[PDB]
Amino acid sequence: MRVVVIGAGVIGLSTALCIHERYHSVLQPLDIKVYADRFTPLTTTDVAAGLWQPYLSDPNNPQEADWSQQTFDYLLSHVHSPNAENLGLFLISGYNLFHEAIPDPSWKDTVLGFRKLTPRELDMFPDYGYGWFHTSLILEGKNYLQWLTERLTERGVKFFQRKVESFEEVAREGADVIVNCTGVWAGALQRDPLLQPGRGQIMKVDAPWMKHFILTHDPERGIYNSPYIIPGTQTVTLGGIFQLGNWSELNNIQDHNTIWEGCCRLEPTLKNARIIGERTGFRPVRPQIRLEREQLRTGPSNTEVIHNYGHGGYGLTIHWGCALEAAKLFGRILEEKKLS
């Protein structure tokens, strides 16, 4: 039973591990391999702040609600031990800024201490008329990626730097199953005009004094496009830039400028931070995550493909859910192959 997982990103690695942890007992020669064009120092996943927080109303696909949920419980049930900071996982409270009023978020009750910004609080914010306050999780992109990797590697799972041209180049080369974890780049193996990139740019700056994330919103510019401050482990991230169809993986002046103005306006102590650096990446956007099976009809018999992409700008808030899902689906492939 040989398995190729494409994408060394959060999804790929989470689903890799999640399938392996689940099925090495109940399956003789489980071979797993990740094939990836870009590896952990250089993926989109590597760019995310890594705070957990689903959009503010509820999904096209009300199950995501459940996937985010459990991502949450899982991380939190791991929040004290020697592992936590390896992983780069730790707890963090902070703010949600809105002009007008707005209904509670579905999720309200997964997080701890969710509540509404009382008025002493909102004075602090002259540009804003309302918010929430709550304690959430960061799972920092880089670390999660580096640990997952050392767990996969202790599990005998084998990495390979490549471009996969198409499912069948890989069926062809030998594989009962293809877990498709390929992100914004999904479409280039099997067209899907539903997927598009949410371009983003953030600044990592020096501000250790920052102890709260602060998230503004402004539907006049939409989601993921109003300035945010996510204190990280080592450094604080500064963004607010979302833009459909932008395929420029390259830092932009105008964006910088927008990031830094809004962020300084939001918290002026930042005017003294030292910029460490800056980065772009591509949210894989889509009305809903794609995660289903597809028997790829292909020579003497059909290979099996699990699709697990389109997580957009909430990839880490969810990944674990997803991964436990593509694992279930995976099991099924098994019972059918009369192997379960």
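Shifts are known only where both forms have a C-alpha. Numbering follows the first chain given and starts at 1. Rigid core here is just the name for the largest C-alpha set that superposes within 1.5 Å across the two forms. First, how it differs from the form deposited in another entry.
The comparison between the two forms, aligned on the rigid core, picks out a single residue among 277, 287, 299, 62 whose CA moves by 2 Å or more, and that residue is 299. Residue displacement note: residue 27 has its CA displaced by at least 2 Å between the two forms (rigid core superposed). Shifted segments between the two forms, defined as at least 3 consecutive common residues whose CA atoms all move 2 Å or more after rigid-core fitting, lie at 26-29, 298-301.
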Contents of the next structure:
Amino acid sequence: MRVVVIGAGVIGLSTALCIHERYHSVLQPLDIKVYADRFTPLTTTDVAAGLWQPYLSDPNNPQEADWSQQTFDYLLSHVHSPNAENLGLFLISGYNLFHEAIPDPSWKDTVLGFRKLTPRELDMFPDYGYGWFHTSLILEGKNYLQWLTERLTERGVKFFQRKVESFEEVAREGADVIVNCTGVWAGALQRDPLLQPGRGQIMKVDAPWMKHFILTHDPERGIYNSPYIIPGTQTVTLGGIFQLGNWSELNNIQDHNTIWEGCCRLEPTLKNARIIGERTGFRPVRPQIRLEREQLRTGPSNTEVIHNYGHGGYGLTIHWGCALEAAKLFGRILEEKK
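Switching forms now, from the form deposited in one PDB entry to the form deposited in another entry, please provide the structure.
A single chain, with no partners or molecules, comes next.
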């Protein structure tokens, strides 16, 4: 079986691993390739802080609820293991702050220890009169990409730097199965008008006294257009910007100041914090994830395609459940092939 994963972000590498770990057998061996135009540390996944948390609204496909929970349970079963260091996996507690009342999320029993904030906790944040507290996980994005690549190489997967211009390009090289994990750029291989970039920009800051995440919310401007502070293992991510349809991969002054002046109004200790770096990235925003089979009639033959893209602001949050579902889809392909 010749398999080609297009993509080397979280979705592509985890799907590569999950296909091998379930379907490379004594009876059927797989050749799994990974073709990518950019690899770690140069991907969207490497920009991300990596906090597990879905959207505040219930998801469009409600299988995404399951897939997110599956991913949390996978990571919670490993957080206290000594190799958690290598994945970049750790527990964090902290705050979700709202101006007004809001109902409980469709994930509150997935996280540990979920509660509303007391008035005394709310008194710590003058701008915010409602909110939650819970404990979740961070899975650091550069670390997990490093570790996944290691696991893949160990299992004989080969990596190749190339931009694929078409599915037919792979198919004439003899891909029996193409796994399409190309994120926000998937429209270049097949037109998808439902897929758009939600551009974000972030600051990494030196503030190691920060031990909680602090997410604020302005639902009028939607998810991600309100300040957030996220302690990572070495550095704190400061963020809170979303532009639908901006394709500029460039850090800018206005977005810097929006984040700086916003996060320093959240937590004034950040005014002292050394700025270490700044990054820009594109969330693959889609109404739902596309996690789907398609069969492609390109040239002298047909080829089977597993699509796995469109994971928005939640791709680390949902990756493992998506990779196992894409593995399920690969098993259907093998069943049809007999």
